[PDB]
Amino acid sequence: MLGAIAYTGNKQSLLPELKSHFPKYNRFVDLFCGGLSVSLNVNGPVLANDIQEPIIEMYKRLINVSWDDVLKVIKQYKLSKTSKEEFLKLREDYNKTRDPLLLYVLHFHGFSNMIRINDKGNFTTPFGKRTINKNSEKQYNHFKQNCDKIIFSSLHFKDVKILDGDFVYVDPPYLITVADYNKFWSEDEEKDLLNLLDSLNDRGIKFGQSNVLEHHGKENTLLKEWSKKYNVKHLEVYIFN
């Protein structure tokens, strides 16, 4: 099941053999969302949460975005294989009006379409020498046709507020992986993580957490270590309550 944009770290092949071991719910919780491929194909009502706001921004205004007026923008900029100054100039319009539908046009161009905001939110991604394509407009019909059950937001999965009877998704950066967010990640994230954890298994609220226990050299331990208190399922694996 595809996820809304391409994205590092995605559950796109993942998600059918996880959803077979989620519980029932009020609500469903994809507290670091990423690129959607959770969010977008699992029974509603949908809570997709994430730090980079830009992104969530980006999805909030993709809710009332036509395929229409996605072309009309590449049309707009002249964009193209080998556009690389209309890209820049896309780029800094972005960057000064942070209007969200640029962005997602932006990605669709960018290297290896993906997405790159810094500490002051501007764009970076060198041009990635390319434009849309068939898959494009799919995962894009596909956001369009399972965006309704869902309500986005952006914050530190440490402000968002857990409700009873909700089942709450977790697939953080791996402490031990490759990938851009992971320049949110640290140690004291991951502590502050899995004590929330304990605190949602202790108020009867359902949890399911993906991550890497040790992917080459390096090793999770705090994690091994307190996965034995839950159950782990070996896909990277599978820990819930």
Given for the second form:
2 protein chains.
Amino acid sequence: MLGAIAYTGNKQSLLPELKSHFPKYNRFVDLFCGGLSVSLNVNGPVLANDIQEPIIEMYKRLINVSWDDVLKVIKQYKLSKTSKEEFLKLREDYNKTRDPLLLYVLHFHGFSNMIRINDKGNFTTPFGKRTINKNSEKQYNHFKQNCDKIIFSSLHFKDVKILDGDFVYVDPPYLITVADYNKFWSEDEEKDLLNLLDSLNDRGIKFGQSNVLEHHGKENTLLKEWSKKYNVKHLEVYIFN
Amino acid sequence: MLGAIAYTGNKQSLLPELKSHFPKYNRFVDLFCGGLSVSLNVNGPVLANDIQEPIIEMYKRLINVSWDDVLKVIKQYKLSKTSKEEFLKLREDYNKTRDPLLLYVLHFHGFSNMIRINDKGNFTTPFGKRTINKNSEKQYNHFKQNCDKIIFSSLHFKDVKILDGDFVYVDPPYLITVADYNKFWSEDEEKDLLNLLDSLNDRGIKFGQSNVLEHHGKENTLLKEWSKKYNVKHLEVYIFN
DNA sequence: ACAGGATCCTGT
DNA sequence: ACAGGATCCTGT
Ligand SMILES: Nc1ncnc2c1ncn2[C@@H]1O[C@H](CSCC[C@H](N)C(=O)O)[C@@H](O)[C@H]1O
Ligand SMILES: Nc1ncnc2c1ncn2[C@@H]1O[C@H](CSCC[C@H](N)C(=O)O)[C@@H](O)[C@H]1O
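How about the form solved in complex with the DNA, since we already have the form deposited without the DNA?
In what comes next, the whole complex appears, and the chain from above leads the way.
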């Protein structure tokens, strides 16, 4: 259902389907949570993880923050649909101080609500000629009313203790797809992950996996094959074991 | 809402507002209907009027015509996004035969869908390097599904029997604005109209009036004053009594 | 400056 | 999750 923040490639729509293919588990470990549309909406306990400390931090802070808190920032900087300088300044400040909340308030004003953090910790998204709508408070609330069951981590899937009896939903950057986070992926990672996956299968530990096998001419050769070894659903495919 | 044909200065947007300021009436008499965005969308009975026979006729014919009818013409002349000769020929034909339907099919291909009839009955708009889009069928349908309540007339507002108990929305050529039909207006007409309006006020007969009081340096001096005597809304002003 | 498509947004 | 109305965008 509803995620925490607009996230490119959210699972606000497929989730239901996917949920029709999930098992039992002592702990849901979302290896790639990003938006959180998946974590917030799956019986816990949940280990929300994402290799981007910035956004995880923001989540960690969002924990003890009120809507009123957010507003006080908008009014503090005089943000709005047209406030361009302000946004810059707000961005300016977040870059220097790195206060999560700032980042949070930030994105709502970024070009297409997209959080884009470069390799120096700076927020580069341009002004979105926007502000907060009504999905803003609704999304926010969901998180609040469901963040309890979640345990965040800003680890790289590589080093993430997978404690037996836990389902591991994994929606990694689609190799054959565009998106800010594809700047983190490499063919190697693809390999690693898969191995790392076969490995979880070797411990009875079941998992879920979403991806694209072929999109816009290209196709994920190596993955297309690797999938055969397991079940695949077509809705975009969910390769689960 | 949706008019019958793209018309410079349509009221597809203001209408709602304007309707928020309308009274009851036994007959809606649209003195300047042009595009029809106003007639088709106002509880009838409606007297759609415009001093341009050609476009009114087109309407009168449109009455008993089907979309399929329109297409048969397009295929008949082999019209398209690039068919320049054809357009000319089609125009060529409409000029000679003066068949409304031809004119109808015509404009969809004219430069900016603009119907421009000179003082000799000829269509002069140049080829628009276009053809029919999505809005073409949609606009068409609206008319069909709403033309019933309308009674057309190709009269000059001067001689138009205003039968008591009728609201008279009047969107005449804006004196201080450019547009093909401004070739019909003169400062005198402005005077006349206004008198003609005060006169309807003298019979309890209420009316609606849209115009621009000041636009691009210029201002409708004489009108700006005349308006004070009545109510004025700012959205462009609707001077109603 | 406008159309008309694209997408956004909101309530439901 | 949708409808479709309200906005954003962009080729003329
Ligand atoms: N090398 C890497 N290791 C771990 N996580 C990574 C990674 N590269 C990217 N990621 C994270 O995984 C995300 C995949 S996209 C998010 C999908 C999620 N279902 C959603 O609704 O949010 C990336 O945005 C990034 O946050
Ligand atoms: N002397 C005159 N008598 C009557 N109608 C006239 C006129 N001079 C111009 N007109 C008509 O008045 C129209 C005003 S245009 C208004 C268009 C209409 N609001 C719609 O929404 O499309 C002109 O296009 C022209 O057709």
